[PDB]
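Q: Each chain is listed here by its residues.
There are 2 protein chains.
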Amino acid sequence: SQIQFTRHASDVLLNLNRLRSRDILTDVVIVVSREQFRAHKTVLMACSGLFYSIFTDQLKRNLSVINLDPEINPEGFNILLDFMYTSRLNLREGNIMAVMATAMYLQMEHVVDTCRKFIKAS
Amino acid sequence: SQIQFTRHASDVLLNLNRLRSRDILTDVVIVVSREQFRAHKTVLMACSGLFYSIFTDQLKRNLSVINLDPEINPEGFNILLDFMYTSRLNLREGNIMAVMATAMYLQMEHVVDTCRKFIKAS
Ligand SMILES: Cc1cc(-c2cn(CC(=O)Nc3cc(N4CCOCC4)ncc3Cl)c3ncn(CC#Cc4cnn(C)c4)c(=O)c23)cc(C#N)c1O
Ligand SMILES: Cc1cc(-c2cn(CC(=O)Nc3cc(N4CCOCC4)ncc3Cl)c3ncn(CC#Cc4cnn(C)c4)c(=O)c23)cc(C#N)c1O
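Same order as they appear, the protein sequences are chains A and A'. A prime marks a further copy of an entry chain.
One point on numbering: in PDB author numbering, the residue at position 97 of the first sequence is 103, and numbering is uninterrupted.
One point on numbering: in PDB author numbering, the residue at position 10 of the second sequence is 16, and numbering is uninterrupted.
If you are wondering where the hints come from, they were derived from the structure by calculation, not from laboratory data.
In this text, a Cβ means the ideal position worked out from N, Cα and C, and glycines have one as well.
Among these hints, one or two may not hold up.
Stated by the list, open to error - To be clear about the criterion: a stretch of chain A' counts as covered by chain A if any three or more of its residues have a C-beta under 8 angstroms from a C-beta of chain A, and this derived list gives those stretches:
{"hint": "1", "stretch": "7 to 19"}
{"hint": "2", "stretch": "75 to 87"}
{"hint": "3", "stretch": "94 to 103"}
Extracted from the complex, chain A is given alone in its bound form:
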């Protein structure tokens, strides 16, 4: 019975990305080898099984720094972080393997499955 606003969720996500771009209310830095990326824990939890499992635990919920596995490619992480905030996944031949492995680690199944589709289509 409710009126549905079909662009609202996309508009929210765009505004959340705008807040990230201005470092407004970001509450964690994710450290990936020599690079650092600020984010909102709520968005990370919404998009990643790894981050969900980390921050749901009261033991870890208040952490302000998360150090990822040093084997994780920073570019691959950046691609996925941008995906979380945009719904747009930049997959190429040159990044597919890194992106797929990073998405497995972050526990992002739809991206992993899309990577499998990308592989099949080339």
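Since the structure of chain A is provided, determine the placement of chain A' with the ligands on it from the hints.
A: For chain A' with the ligands alone, kept in the frame of chain A given last:
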């Protein structure tokens, strides 16, 4: 050139609402007369000109309690808060005026315009 995930933003918003329902990483209580509502400031900012203007200001960004105008109907606020987190607006004959006035106060134009449409259609 990016692959588009058409359900991702909706899925993010659903997960943010799930976090709200469990009081996970909520960072503000909004006080509306005798009622209180917990939320994520980032979502409020993403959906409301009033909350955007409040929390962007470094003077007010860290506030944990916001007291709304005592004239604001708590039910009307609740309807709009649920809209922010769901994209679904519960407009009825019995709540339209309160919802419209609350949306004006919260600076949520698309809802206000939809309220104007609802009035025109009855
Ligand atoms: C929106 C979105 C979410 C997830 C995704 C999020 N999460 C975390 C999660 O589930 N969070 C929440 C769950 C609930 N619940 C609802 C009520 O019932 C219980 C849960 N409530 C609030 C939050 Cl924040 C994910 N967690 C796991 N996976 C799966 C995976 C994987 C994988 C791939 N390879 N490997 C090794 C593992 C997800 O995809 C997401 C992945 C993608 C992708 N790709 C995506 O576009
Ligand atoms: C997604 C969504 C947003 C807004 C809405 C949000 N905001 C706050 C805002 O604009 N936040 C941000 C803006 C930017 N910028 C992008 C780059 O350029 C600058 C801005 N970046 C990040 C954030 Cl969080 C709104 N603020 C104002 N209004 C308009 C109004 C009104 C009104 C109605 N009656 N009265 C008296 C006032 C909005 O609708 C929204 C309203 C609705 C509705 N209905 C809706 O479904």
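Q: Against each hint, give a clear statement of whether it holds in the structure.
A: Cross-check of the supplied hints:
1. 7 to 19: Holds: 12 residues of the stretch 7 to 19 of chain A' have a Cβ under 8 angstroms from chain A.
2. 75 to 87: With 0 residues closer than 8 angstroms to chain A, the stretch 75 to 87 of chain A' misses the three-residue bar; violated.
3. 94 to 103: Result for this restraint: holds, n = 4.
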